[PDB]
Amino acid sequence: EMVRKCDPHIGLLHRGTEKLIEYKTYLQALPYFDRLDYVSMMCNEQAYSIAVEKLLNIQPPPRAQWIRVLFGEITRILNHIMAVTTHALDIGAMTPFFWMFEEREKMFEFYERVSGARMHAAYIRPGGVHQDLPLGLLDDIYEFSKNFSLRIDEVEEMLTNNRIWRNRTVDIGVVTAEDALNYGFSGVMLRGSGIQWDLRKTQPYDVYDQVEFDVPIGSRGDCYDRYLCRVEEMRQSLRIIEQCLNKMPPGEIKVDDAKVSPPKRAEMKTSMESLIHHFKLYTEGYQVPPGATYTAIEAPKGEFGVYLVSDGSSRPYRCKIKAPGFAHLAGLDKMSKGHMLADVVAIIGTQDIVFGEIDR
Amino acid sequence: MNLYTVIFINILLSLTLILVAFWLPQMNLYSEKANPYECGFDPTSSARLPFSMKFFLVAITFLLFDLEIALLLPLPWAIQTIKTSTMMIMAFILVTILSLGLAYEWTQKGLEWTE
Amino acid sequence: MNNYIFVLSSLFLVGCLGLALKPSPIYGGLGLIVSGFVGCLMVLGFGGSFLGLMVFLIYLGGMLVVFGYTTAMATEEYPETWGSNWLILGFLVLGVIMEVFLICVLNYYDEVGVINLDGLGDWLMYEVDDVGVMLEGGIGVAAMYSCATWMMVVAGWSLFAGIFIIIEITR
Amino acid sequence: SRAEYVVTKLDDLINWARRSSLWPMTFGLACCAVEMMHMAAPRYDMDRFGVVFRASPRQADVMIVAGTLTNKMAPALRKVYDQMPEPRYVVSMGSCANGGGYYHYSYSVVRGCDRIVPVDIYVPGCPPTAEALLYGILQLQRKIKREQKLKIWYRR
Amino acid sequence: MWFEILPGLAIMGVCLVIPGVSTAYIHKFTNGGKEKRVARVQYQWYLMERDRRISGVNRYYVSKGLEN
Amino acid sequence: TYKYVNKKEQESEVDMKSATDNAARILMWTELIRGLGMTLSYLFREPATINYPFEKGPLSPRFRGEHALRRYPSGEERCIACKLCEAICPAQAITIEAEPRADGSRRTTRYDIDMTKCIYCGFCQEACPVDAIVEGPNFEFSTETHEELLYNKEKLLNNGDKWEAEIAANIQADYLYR
Amino acid sequence: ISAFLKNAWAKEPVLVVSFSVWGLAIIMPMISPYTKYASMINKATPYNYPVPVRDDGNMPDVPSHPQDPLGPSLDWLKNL
Amino acid sequence: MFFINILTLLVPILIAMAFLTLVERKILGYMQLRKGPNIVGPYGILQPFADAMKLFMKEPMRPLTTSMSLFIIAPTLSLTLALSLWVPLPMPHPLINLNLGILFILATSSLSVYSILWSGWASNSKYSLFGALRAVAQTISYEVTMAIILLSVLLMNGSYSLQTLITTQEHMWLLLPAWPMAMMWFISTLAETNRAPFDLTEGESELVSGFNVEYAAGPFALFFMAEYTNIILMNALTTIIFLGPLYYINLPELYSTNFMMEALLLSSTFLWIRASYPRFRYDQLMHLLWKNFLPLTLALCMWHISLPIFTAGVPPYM
Ligand SMILES: CCCCCCCCCCCCCCCCCC(=O)OC[C@H](COP(=O)(O)OCCN)OC(=O)CCCCCCCCCCCCCCCCC
Ligand code: SF4
Ligand code: SF4
Ligand code: SF4
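Protein chains in written order, with PDB author numbering: chain D, 71 to 430; chain A, 1 to 115; chain J, 1 to 171; chain B, 34 to 189; chain a, 1 to 68; chain I, 1 to 178; chain b, 4 to 83; chain H, 1 to 318.
It is worth saying that the hints were derived from the structure and are not from the lab.
Beta carbons are placed, not taken as given, at the ideal position from N, Cα and C, and that holds for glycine.
Please note that the accuracy of each hint is not assured.
Counterexamples of contact, computed for chain H against chain A with all Cβ distances above 10 Å [as the list claims (entries may be wrong)]:
1) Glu24
2) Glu170
3) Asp199
4) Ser268
Within a straight-line C-alpha distance of at most 27 Å, the following computed DSS-like cross-link-like pairs (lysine-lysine) qualify [said to hold, decoys possible]:
5) B:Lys176 with I:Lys56
6) D:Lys350 with D:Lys89
7) H:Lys291 with A:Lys109
8) A:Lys83 with b:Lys39
9) I:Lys153 with D:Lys350
10) A:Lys54 with D:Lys407
11) D:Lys124 with D:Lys89
12) D:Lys404 with D:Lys390
13) b:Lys9 with H:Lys291
14) D:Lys216 with I:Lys3
15) D:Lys339 with D:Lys329
16) I:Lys17 with b:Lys9
17) b:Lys9 with I:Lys7
Ranges of calculated distance between the beta carbons of each label pair, as one might list FRET restraints [unchecked claim]:
18) D:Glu227 with A:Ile89: 47 to 55 Å
19) A:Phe41 with a:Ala10: 41 to 49 Å
20) B:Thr41 with A:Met1: 41 to 49 Å
21) b:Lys39 with J:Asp118: 54 to 62 Å
22) D:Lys407 with J:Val34: 40 to 48 Å
23) J:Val128 with a:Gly33: 26 to 34 Å
Excised from the complex, chain D in its bound form:
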């Protein structure tokens, strides 16, 4: 029952998204990104939006930036709940999954209230966001956030010090810092083993450079350390949500360049130029200036990136997606050396892999 070799065969969920995108305009490709990591949607579409904004040489408005950071943190909470609870369910413990999926449903309710879809919102659009927060959503977010801490603390009182959990994780999937860097790991696959890296701090995007949050780092480098790291990341996400709620500013929500973002419907209905802009935007789309870029974000799993090459048309020329988990599932073998089948089942969870992103 000892694992002598791991040969991850993937591609069972590959649907040629990278080639499909090349045939669709820049607005028509955004929904794909919400499906690349179906667990953390808005962060993927945030990566796309930042990349396209970089190429367009335009800047999102302040309220849109704050909203994007807020919903990015909510998405990070969603991803961490999924990772931790599915990991626990596969290891054996089952109750925390049911406990926490109620809060996942509440966060989905926020998702739907803002975007009209419980996931795959397509809310974040190159230029800012599609629509402004419906009144009261901040109040509901406050009500949810003020209590989420107690629920995470209950999950911790279940799992943190339990001898069974500690024996089932500790000193499992131990990866050295140099080996991780060479293997190309990212996110918690790096911070767990002592490496002090987090793009939100090192290379900030949006308004991550105006909110204070700590970055948990692990010492042992094993599954238990990384589970603790994810829980602490959830707590820091609550911190950031508090700050965003308190500092949400007034103003527009989408770049006020009607050649990039659609004009408001009333303007479309009473302005000639605005109607022309609506027509061309929703038919031909924007014309992104030629160039190439590699935008990176600290997606709830790791470092979600887009290498985008544009030739001046309204459709991208090439859109490679660097999924955080690709290198992780590549390094599964190294991590699983000298472990049993159960340990391997544990090891796969720490990676927190979504094969939507793995396969692209």
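Given the coordinates of chain D, assemble chains A, J, B, a, I, b and H with the ligands onto it according to the supplied hints.
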């Protein structure tokens, strides 16, 4: 006769449930349905090939420890003896020897699974 | 009931016959489990109790370990059952019929002797202390803690030395 | 009334038994698996309707095909469908399975699971919300209810 | 609410009470209104068999006292 | 800014009280008992489930569901063959074949939506310049047969008629945001 | 060894308990007034018949009737 | 009449197991903040019946590579053994009064494992082999200490008969004299029934399903029926040995009812644990037992040999 009757009744009940389960359901037998199961993909190899047991040493040690259990199981009737001192000394020696064997095996890494 | 014990002994003989024919070790273990059960029943019917139950327990444990070993080492792509090999099947039937005929022959040549099918079941138990209390085989066995301590010493030493011997054979 | 009344109530009983304990199979392919998880979650507890996930295809009843079905994955889906024991049903969930979905015009996507296995209920959406999936499961229960296998056998 | 759990538990409690009560009642019924005499030793077996022969009905539970 | 999550700090502190506490922890299963207590505490809390069939959960006016084609109060299909809906639909689920009318009006003669290809993205309802195509509140339109999921102009218009009230309310309550 | 014992007490309490209980199992039987009474009680329990012995006229201690004062007396067991 | 007693002992036990399934589902749901089965019949009472009918009406698979003889025999053996073990239990009067009832229980429980072993080997499937050889290790773990624990506790009872424990606990529970052993025995029952945190022979997460992967329909249902009956049985054995009910020769009904109360309590605790704890690994289980319970178990057996002597409290025989 009572124990035989009740055990045969249990056997008959179980066997009757099995026969009903095999003759009541409507069936459709075909090769793909019948072929073995392995997470949706065909077997890379048959399951009859050697399967290394990484706890062989502990498994054997179980034999001897179970025979020690056998040697000890008469104690409830033994204590009804007149030579209580002798019985006590013998049982203590036996259990202490058991403990020493286990301790030596532990210190010699017998219980650590073989990789 | 008259034929109770003789039937049990014959079943023991058949189980032992299968084991001797030596199918795959899995079927060998199954056959020995059945044989151990039947032997425990014979001992129980002969007034025993603790001894029969002990044999059954120890043999269940032994065959458990044996099965674990067989799955790992004593295995084949196509394990052979009793019926798979035509020679094994034929000699199984031959042995059964041969024992039947041998029983008949011994009964005929010695009307009363090794076998007394007529008068069977009339000599199972010989004597019993009708009004006794302390006559249970567990007492005799427990005697090892008082009157036969030499037996205990030798057996305990055997197990103790077995620990070291096994470890060093498997080193 | 008549003996055929006994037959009618007997297949009513069979249908009740089958519908009140349809164990789905753990087979989440893509996004839509998350929504099936939310179905199981406390709010819309599927268990309350007797629905419980069991991993063994030999021990499952309904197959909830949820997510993109690529050419690579098609053989495995068909294998498991063939392996499920007889009184089996198939519910397709999500656009990816109902039809091609967002990846209809792709080289490595089976344009719908109907091509590979017979589908008894289609649940539209992308994702179909958990309430929608629960309604679809109830609709499958109604379909089971309207069976009449034994009456067909008698009138055979 | 947790009260809705308790119907199944009540069914269980009944179903597990029946075995013991039924056994006691039936043992008493079939052994002359007295609990079944356990024979854990040849002495007890001999006493029971003596009662069986003495009773005259071939029944061990039928008791003959000073009158006989 | 970083915080250690599991770094062992000062080690020399060994005490008789500490040692007996640790031995009690190991032998008595204290943390396991505590987890069991947590589970019981949950046992005695109001369930979070809802009797779904007779109690649907909340949905906001923006919810995207089954499509519909609206009408003017006079009773006329708003569909003017913009064709932008068909141009923008990322999954290419809309098919429009339009012809001039007998009234000298622009209308559509084949409006088909493949609801097995739609991704429920709302791009059509937001690129419709006369608010013809909308995504109504309905989310329960599962069908047994695939062909019943290939919609047509008729089925869409009947859905519009059926859901006109709720579509009207949502549009009324949301148009300010749009 | 105070240091090693104190550490063992916390890091391997199971073995500390086992060795302590084994040590007590040996020590206590030697240190206990009641130990002598076990064999006396088991000798008091009368499993077999007490065989009468023919009176040759010079057996002065064994009684003639069970209720006679002579003979072993289980007062010690009665008030152990 | 003896047949009527057999019926009264079997049918209620099987129904109690059937509803143990429902109770487990509902308790887990409530502890997890959901309601569990409550639509099939009033308050979900009919869920076990619907499940059993569905399972026995589903087609029983007979995979090609399997060995039919063992693949059919094993479930029968499982159910037969689980039902049989209920035979000698005093409640308070056993249906069958066996002098060595405890050894009979041990023999039957040990033979129980062969159902799993043979089913797994006969499936001729890799996950089946994994499950069977994990069950082997599970047995190698618990069986070493189960016998010693029973010996130590019975060292206050004086004979292997179960009924004697009724009198033993006449004025007190045996729990108090041997609470250290009660806990080890409880964990041993948890392992023996192959239930969480020790459900490693059918662990869904690691092996799609263990020994029972290829089993389907009624042949499958027998395995679970035996599993749950065994849960009830083992908790009944705990209730009789430790946690002795109140026995007064005047009313056996008191013993019966109190035994029911305590057995339900412990059976509920099994599900409590299932929902509360993760799953051991199948080497951690063996390490746990051998290197924690056995060192303590041997010492406790030594101490309980000493106790009757140096306290002059020898148990009576008979
Ligand atoms: C007066 C003179 C005589 C004096 C004699 C004194 C004797 C004192 C005896 C005290 C010892 C009591 C017995 C305790 C047995 C426990 C053994 C133990 O120490 O724990 C081992 C294990 C803990 O895990 P671990 O950290 O690995 O321990 C070894 C560390 N090297 O522990 C475990 O196995 C836990 C993992 C399994 C968890 C199973 C879930 C159980 C849930 C709680 C059950 C609680 C109720 C149990 C009681 C039931 C009663 C019917
Ligand atoms: S239908 Fe939509 S939500 Fe479901 S798997 Fe496909 S893309 Fe994901
Ligand atoms: S749906 Fe709207 S945009 Fe499309 S043709 Fe109709 S009116 Fe024009
Ligand atoms: S919602 Fe999106 S995918 Fe669906 S029809 Fe409208 S534009 Fe097309």
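- Which earlier hints can't be squared with this structure? Going through the list in order, the structure violates no hint and respects every one.
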